[PDB]
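Below, each chain spelled out in residue letters.
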Amino acid sequence: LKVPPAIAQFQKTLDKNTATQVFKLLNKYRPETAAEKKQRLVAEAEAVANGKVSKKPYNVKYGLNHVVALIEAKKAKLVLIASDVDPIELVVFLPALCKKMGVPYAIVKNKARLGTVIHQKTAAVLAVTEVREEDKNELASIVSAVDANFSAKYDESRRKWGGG
Amino acid sequence: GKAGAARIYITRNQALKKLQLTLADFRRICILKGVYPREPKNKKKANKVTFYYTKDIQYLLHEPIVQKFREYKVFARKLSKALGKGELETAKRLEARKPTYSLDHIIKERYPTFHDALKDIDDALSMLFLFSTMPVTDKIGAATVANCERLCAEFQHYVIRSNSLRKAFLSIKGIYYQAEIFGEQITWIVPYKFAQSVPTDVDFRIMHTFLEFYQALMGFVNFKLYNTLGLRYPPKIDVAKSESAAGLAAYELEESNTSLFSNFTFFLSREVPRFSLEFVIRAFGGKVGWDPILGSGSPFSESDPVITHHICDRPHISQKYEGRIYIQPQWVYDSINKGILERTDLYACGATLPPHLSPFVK
Amino acid sequence: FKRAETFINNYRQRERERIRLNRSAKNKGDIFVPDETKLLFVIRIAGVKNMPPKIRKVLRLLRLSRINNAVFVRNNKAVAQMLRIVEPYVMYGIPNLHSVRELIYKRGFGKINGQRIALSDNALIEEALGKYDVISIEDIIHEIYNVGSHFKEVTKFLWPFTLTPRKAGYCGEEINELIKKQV
Amino acid sequence: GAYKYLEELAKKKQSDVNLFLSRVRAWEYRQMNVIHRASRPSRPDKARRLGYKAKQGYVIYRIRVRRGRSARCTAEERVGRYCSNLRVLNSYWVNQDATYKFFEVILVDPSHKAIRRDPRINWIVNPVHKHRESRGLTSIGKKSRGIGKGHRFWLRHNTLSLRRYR
RNA sequence: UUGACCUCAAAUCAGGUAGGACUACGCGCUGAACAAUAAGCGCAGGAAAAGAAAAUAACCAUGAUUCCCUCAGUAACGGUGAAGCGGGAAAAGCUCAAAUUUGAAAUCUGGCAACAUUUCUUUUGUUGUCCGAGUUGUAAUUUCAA
RNA sequence: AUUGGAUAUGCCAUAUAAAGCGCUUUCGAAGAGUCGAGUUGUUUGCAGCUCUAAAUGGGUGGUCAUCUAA
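Residue numbers (the numbering used here), protein chains in the order written: chain A, 1 to 164; chain B, 1001 to 1362; chain C, 2001 to 2183; chain D, 3001 to 3166.
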């Protein structure tokens, strides 16, 4: 069959090498688990129950409403869109919104892989907003790779009706 | 067809289907509990292959072993899930809370009285003794091997304290010890300490399950024997002595012809299997000494002249002393089996070894 | 197949190892030389492809031509210097008398007629070591523990132990604990 | 948010993206049953504003009805009969073609504790809401019987009211 | 490969729930004859339905719904036939979707273990722990009167 | 005997919290196969069919007033 360009673009995903390097940075910024969050909070509870100021946390941003709001605020440095969202119209505007806001974006494979980073079964989109000073060069190198391996590549292919 | 001998016996596939358990799980349940194949008189009529009574299958339907096995398998899958997802903390925490099982109900059902368990502990004692010297492998468990060795040491200490040992025979396979506990006769075989190798031909899963059941039965028997005799179950074990290969010296028997060699101080050098010689001497009420090479914690030393008999299988004794004439383990084994002290001169070092008569042979 | 990043990683390790050997040899020719132990147990932890030629030669001399190979050696200045050179790929510790006896009883195998044969019987040991006054496994274990004159001959006759499945460097008495996990 | 984009994309129903998805999914829905369970709504914006929450006790069901009474009213009633233990909350249009009109019906389990302990949907547990679609109490049912406020929308005029003093 | 996710099934698996009856009043659907007519079919409750204006008005303005009186046998229509105002009875208001919690899913069902509680040994919860749901969105916050 | 709403009072109270009012050199999202148009039937409403939207927009009234549906 013949597919529109806005849906055809999801068949051109990021390559295996760049995606593997992307998830190396993502796995450094996983949100703390429900168990790790409870352990941290109970530890501060004992310091309050007996008797007694931190830094801002660092983690990857997830959630469709949350990430779209971060792109519109230009707070996202890298947006990774799942390639197999069951209703495709959930993320069918995200590549266009990321183009309009100047957000480096990529379409990665296995929405399940995105969910594993955030200790969830499934994530439609992940977004890295701001990382530690140690990983500034690692994120910068990834953004340059996404520019070449995803934006410089395809591009002319994403404006063509796929299938048929 | 649908009644009579056909319903009398249940095929292995039919029994597994009724119990809804896999072949490996059914074998483990049959080994852990009491279940044996029962060939019907009319095999053709019984088939309307292995045959088992429907009463055993009916009892095994409500057995918690199958449910526990599923819980272990289900928990193992969840542990694998956590490792793959990358959350190491979840897998590590779930490892501590992993499922376990208890054999107290099975032991009581299989052995309603301690007499039945003691009479059936001959195989358990032999299995524990055989596994006490086997090398640690992937199929076997290091903790299980240590537990089996500790159980064997506790049983030997209890037998020595109670002087329940009756006969000791030296066989090619190993040392056969016959003891009478609570009237029941228990026979165990202790293999010699040699550089053996795994045959790689028997089923390790079945052997491990049998060893685990044997260890549980041995532990329950040891606890009952210690309580009856007033000993503390489990006996205190010294870590430093255990690391020094002290043998039974580490296991302290703290309280919570039985004198054939009582008036004798036997000494052993580093040329004979002192592991069995010390147990036989201890069971006889005598004093047994070992060389520092064989182990630490020896009450006596080689230079001590208080030793009446010096056990040494070597053909030459350069440092032979006075009052400690060399004797052979065959004389000690013959004396223990017959209950009368043998001739030390006949079994002296450098002399022909007299034939060893098997006490079990009548 | 092999990815490009793998070859660079192997190269970086090779350059990393080259500097480390340069550290130990030049201007740092001092070894720890642990005392209170005349015998030590050295086990090759692991090795990588295209390993340094000096490390391979030391492993060949120390009979550590394969990974997870355990060999007992006598404490000496030359042995300590060789151990320091091959420290990254070899773990050393102080064996115990009980551990040595257990290892000989479980995985004790000698080299008879150029072949690794287990010492399941004392007849083979007596024939192989007739001139060394060794006739049983206990005598060989006692000589190794006491580090006698014939211990070097016994070590040559005895094949290297295979303690297949650890930290790197000196482990001390904790190496004997690993022996319990292997035998 | 993303429901602003989803709901403005749902107004261009014959655009390239929407037309391709309408024809692809219409074929897929025809291979399924007449009434089949939906794992998640095909219009998460439209279900969300009609009272659907992604939580236990909320169920989405798809149903196709033949074109050619109100089509949406019959979809609510047929699904309500199919799932007799659930309460029909609302319903909406998801797709159509030359023959079939496809609808998704939001149902709520009045016996689930997550429904009975939630004050915002606690009202549907009361027996007065048994088969709301059957009595014309849903959104399309109310619209069908011309219920509303204004001039755009019997018994008290066919009777003689005789007082005591007259 | 292991292994996650999505499916598709299965279980005499655990916990639930629907049917039928009544039907004076109530709410839908359907329908002839001599009119939302009887019937026919569907579905509730102690009331139901309706209900907090995409409502009237043209005033000095009114203010959810329902019922009564009046408007009125009037306008309009072609004999049918309302409604606004006005007078009474009663009065109560609110909840979501659409906002980034993002300095921390803060939310929820269930299993299990204790502790309570009872129209009640029958009822209904609390606390702890584990699992699941949930980021394709559960809480707090907001509903234009703001 | 079983209960309801208050009163009085003991204890507990996770308040580092949560509200109303007031003020602004900062903001303010509002429901679509619907509205609507054509046409065909049932009794203006409703229903089918064809088509199918907007953003001070849309509805209903007399440029203005009023309301804020799906």
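Treat the hints loosely; a few may be bogus.
[As the list claims (entries may be wrong)] Between beta-carbon pairs, the in silico distance windows are: (1) D:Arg3023 with B:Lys1081: 48 to 58 Å; (2) D:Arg3152 with B:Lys1085: 53 to 63 Å; (3) B:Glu1252 with C:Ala2046: 53 to 63 Å; (4) D:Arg3023 with A:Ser141: 35 to 45 Å; (5) C:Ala2046 with B:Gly1350: 25 to 35 Å; (6) B:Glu1252 with C:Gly2169: 33 to 43 Å.
Treat the hints as calculated values from the structure; they're not laboratory data.
For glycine and all other residues, C-beta sits at the position ideal for the given N, C-alpha and C.
Hint check:
1. Here the CB-CB span from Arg3023 (chain D) to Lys1081 (chain B) is close to 39 Å, at odds with the stated 48 to 58 Å.
2. For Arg3152 (chain D) and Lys1085 (chain B), the hinted distance range of 53 to 63 Å is satisfied, since their beta carbons lie about 59 Å from each other.
3. Between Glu1252 (chain B) and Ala2046 (chain C), the C-beta spacing of about 43 Å breaks the proposed range 53 to 63 Å.
4. At about 43 Å, the CB distance of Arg3023 (chain D) to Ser141 (chain A) agrees with the hint of 35 to 45 Å.
5. Between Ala2046 (chain C) and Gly1350 (chain B), the C-beta spacing of about 52 Å breaks the proposed range 25 to 35 Å.
6. Checked against the given bound of 33 to 43 Å, the beta carbons of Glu1252 (chain B) and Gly2169 (chain C), roughly 38 Å apart, stay inside it.
In summary, the structure is inconsistent with hints 1, 3 and 5 from the numbered list given earlier, while agreeing with the others.
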